[PDB]
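Participant: Each chain, letter by letter, is given below.
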Amino acid sequence: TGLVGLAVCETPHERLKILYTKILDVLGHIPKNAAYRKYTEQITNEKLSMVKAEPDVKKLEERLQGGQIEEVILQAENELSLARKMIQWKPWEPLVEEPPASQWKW
Amino acid sequence: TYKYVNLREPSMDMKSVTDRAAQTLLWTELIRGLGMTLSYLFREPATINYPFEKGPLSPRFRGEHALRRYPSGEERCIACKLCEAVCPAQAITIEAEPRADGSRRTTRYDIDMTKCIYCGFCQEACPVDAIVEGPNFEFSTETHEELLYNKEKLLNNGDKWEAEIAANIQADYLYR
Amino acid sequence: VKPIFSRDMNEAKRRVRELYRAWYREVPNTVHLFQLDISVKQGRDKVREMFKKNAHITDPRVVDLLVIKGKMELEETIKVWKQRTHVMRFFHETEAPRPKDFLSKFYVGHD
Amino acid sequence: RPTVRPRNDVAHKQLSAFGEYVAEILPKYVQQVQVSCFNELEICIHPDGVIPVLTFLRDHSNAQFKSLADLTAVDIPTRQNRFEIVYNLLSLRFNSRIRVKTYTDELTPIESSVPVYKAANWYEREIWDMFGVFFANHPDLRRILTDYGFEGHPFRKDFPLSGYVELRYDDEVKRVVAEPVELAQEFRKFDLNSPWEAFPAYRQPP
Amino acid sequence: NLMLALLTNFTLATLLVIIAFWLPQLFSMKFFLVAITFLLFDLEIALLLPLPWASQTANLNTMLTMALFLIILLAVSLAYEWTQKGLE
Amino acid sequence: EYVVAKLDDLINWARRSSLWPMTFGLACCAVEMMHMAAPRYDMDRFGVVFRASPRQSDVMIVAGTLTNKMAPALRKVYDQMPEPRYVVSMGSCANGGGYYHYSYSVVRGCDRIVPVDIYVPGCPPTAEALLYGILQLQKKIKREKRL
Amino acid sequence: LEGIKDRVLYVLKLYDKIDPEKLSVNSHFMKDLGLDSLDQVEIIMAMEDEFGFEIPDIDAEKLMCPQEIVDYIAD
Amino acid sequence: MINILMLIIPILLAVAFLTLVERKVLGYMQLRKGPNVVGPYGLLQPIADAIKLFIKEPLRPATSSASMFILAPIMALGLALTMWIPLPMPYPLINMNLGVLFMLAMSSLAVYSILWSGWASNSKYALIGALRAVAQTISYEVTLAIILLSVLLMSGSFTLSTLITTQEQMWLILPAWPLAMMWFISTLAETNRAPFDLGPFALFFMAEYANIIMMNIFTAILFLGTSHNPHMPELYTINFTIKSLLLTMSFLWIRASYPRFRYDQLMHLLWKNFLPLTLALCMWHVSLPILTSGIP
Ligand SMILES: NC(=O)c1ccc[n+]([C@@H]2O[C@H](COP(=O)([O-])OP(=O)(O)OC[C@H]3O[C@@H](n4cnc5c(N)ncnc54)[C@H](OP(=O)(O)O)[C@@H]3O)[C@@H](O)[C@H]2O)c1
Ligand code: SF4
Ligand code: SF4
Ligand code: SF4
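Protein chains in written order, with PDB author numbering: chain V, 8 to 113; chain I, 1 to 176; chain W, 16 to 126; chain C, 8 to 213; chain A, 2 to 27, 51 to 112; chain B, 27 to 173; chain T, 8 to 82; chain H, 3 to 200, 218 to 315.
Below, computed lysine-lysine pairings styled on DSS-like, alpha-carbon distance capped at 30 Å:
#1 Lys112/V with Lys196/C
#2 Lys29/V with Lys45/V
#3 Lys102/B with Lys61/W
#4 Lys181/C with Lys166/B
Keep in mind the hints are simulated off the structure, nothing from the lab.
Based on the sequences and whatever the hints tell you, model everything.
Facilitator: Here's what the structure looks like:
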């Protein structure tokens, strides 16, 4: 069995569990008062509970993905890169940038 | 919906491997591909030689422009600048003056064939049905000057096609 | 500051100098590789008259955009691009050309 | 209504949740204005950070967009800030369309979308061609739709439709195709603009 | 005559060129490895050329072992062409 | 006296027999130019051969729209052509810019680049009307070189 | 360095848009000779090819006089 | 000696009248009508192409290097026409001491025709594509020599007249079953434009299409025969032409039906795949006259 995409369908469990536990710590380094940490954490914790309850079932892969484990692993792989870029460039924690000129209607 | 293009290993063991190898060792499928054109050669070709035979058409077809007139003389074009503004190429130009006394119907009326992308929009926008698109193919010139249509005149010379236009418009009122 | 562009005031002037050397070396090369056209000496005179029209310098923002454009329209020869003596030709060949005088232009009657 | 109405609003409140969710982060660096009309979402972004907005929506646990496919730009001379580069984004896993806009005048350079999206570099060349907006830290900024001996930027509303260099003769010179000739046929400027206001609620008080 | 037969073809071929000429008035070294192998194989063909015309008077048992021998080594030369020839 | 007049028509009959056009895929017109190959309306081996080639071809059909980028490109093709050359401007774009015209990029007329002998006015130039362009070309060849 | 001033003066005087006798030694190309911001530095680029040494953009700004150019040429 | 002119003039007409066959038979394959307007069935068009290209069409050379470019068509047409001389037919004109050795020699020298054309152009742009066209012809001539020898080692010497006499009851297609398949493919390499494709330019057409008929005839000697009949020359002349014409249809069959094999994978069909196959059959054809008595 193999996925349709170029990413190889490898039989690996707990691989999703490592990456989802890693990203939670990165979020709790610099932003704390920001809403970015407060909202993303509760989605990841909801997804981690489904992995712990269901043992290698296709129904667990069907939850919020429905394209096997290979597509879900790609969602976790770029999550660490997105969290590190959000930690490096301050945007979520700080808001002080100038407002636009008053015009919008065409 | 899913249909799948991949065969997923047609050969398995012994019998299924040999015939998949036979088509690559010699040819077989190339000889089978040769037979496709072989029967295609015998069946009669659908070919039309233009100076004698003519191709299929329709009751409504757009070609070279020609403006129609009433059965009892009189130019049907009323001069509105209606067809001028709708024209997406801006090929049609119209400047109007009063005709002698009373009547007010046109003076300048040029349709560029250097422009004009052929819509039938000017046929549709016309309330009096002046420009009606006739079944035309024959138009070939030496210059742009000979190609672009002058102040009516050559458009009025569409009388040779107006007999067909009158027949075609009878299939146009209450559309098809 | 805002906005960055590329250089700040004095640094923008020396970017034009680096651009001038790169284009000065290409005009002898674009005779044998391209075509003879006019002259090597006359081609170098076409460079000086181009920079005279651009010579104003009030803000580095305007200068920096001219460098990027200068590394494009004058770059259309270095990496070998098709023009066939039609593109990248700046000088008018068929120009009349008109003059600015109250006796020359008024005799022809324009505007 | 049977033929008069296209579709009734039902997903409008569902799409309005996105208008709150991204705004719940609340950056002055990113958010500014959020507009939602006709089953579609529109966001405009402060010039200082465009790349951090594009790294968002890419991946993300709540919404997975990935494809930052089609890229447009708006030319408008009414505002003090001229150009408006508009990103059209599409999701495959989520099935939704969101919009990313820029408000800056952008005669001064703007941050590129090449490190986030691969096909973005080809669209970025078009914006530099037609509009004349330079992208900072861009790999290979080359002319596509413009001519090799073309002056200015062909789309800008400041200059005419015909242009300055357009007509190309052959005549006297054996091989050289002409350029400096400027005259063209007269494009009839239509002054067709209807009296009375077209629609209510769209009217703005002076 | 062979000399009369050959020269008639070339003289008529030269005349066809003049008709069009006179009447109207107003890098990559990988190709080299293919070319060399052509020469080296054709020389083995040159040694294997006499076979139908040679085997008439000579003993068959002495020839059989030697005739196949050249073709075997001609395949060994192609066996060396399988251990990475290139992209060609 | 009589042989001189009759031999001239025989050379003109050679071009009346066969004409090899250039396959320029620079238009929507080019898809209608591919309908010349489509069996229902054919000049194929009636006169037209789709082999084309930049040097061996006698006719070149300028299919539709030409930009300022293609203006030096199409000119050098015309120079590669042999002395008996006929240029057909099939399509309204080729005649003088059917659409666009007033646009910055599109070259008006085609005659500003390459001189035209036969004009075909049609946008989607119907294959029926396209058959005239080749038949008129064959008819136009009447007399060449008297002295 | 010996025999360096003679090699630079022969190439500078032979070049177009320059006085053969009026400007020689110690006098600046931009201040004393009379040349534009791009025109003055362009003459220094032609002298670099004849001598056989590549000149950087940073060193080109300071150099203007042929006497100062002779010191910069040595490596 | 008048018969030489009776083997050039009707042959040049056969290359001319190919233009009908090469796009009418090819036409019905593609459901299009070929020649029709020019003649009653287009019979006036083949001779009309000659008046178009020879007399009126002028020259524009790239550089014209003294002797070359005006020497390459002489080598092209000359070598193509001299191939007709050793042909056995009912009766051959000036029969050589060894037949097939002359046939392979003038075909191997016919490689020069595409070589001198590459040297005619001064540009580097043309010569890379020209050498690639040489590679299409030079490679297949290795196997062409091997498959020839296997047919000869079965029966007969190099003489082409003896090859007709050996086919008295049955054709050579049946004993040489995989070898007959090879001659359908290997002959197409010599500028036929079916498995792979690359004034004086018109003269190359008259030479390249001439080799197409030549390979059709040569296949109808090595594999076809049916009957000899020395007393009746009437029966052989008609029966030989029909057999050659059927092979001419198969040459135009590949040109229409099948796409190009790529230049790189042309060296994967041959050399990688064909050369181990042809030599294995050559190994088999050495043993055949020894296993069972078969010596001319
Ligand atoms: N460089 C020089 O040679 C040179 C030096 C000094 C001055 N000029 C002057 O510049 C001019 C150069 O012209 P050119 O020699 O370049 O012209 P040209 O090539 O001879 O062309 C003249 C054309 O006019 C036609 N024509 C002329 N007289 C005719 C007649 N009686 N009947 C029919 N057709 C006639 C010819 O057509 P047909 O061929 O179909 O008859 C010919 O195509 C000369 O008049 C000369 O006074 C030239
Ligand atoms: S053609 Fe019709 S719409 Fe146009 S001016 Fe005449 S009457 Fe009016
Ligand atoms: S057919 Fe279209 S382009 Fe032509 S004149 Fe009518 S409206 Fe204008
Ligand atoms: S004339 Fe019409 S069909 Fe032809 S290129 Fe122009 S728009 Fe396309």
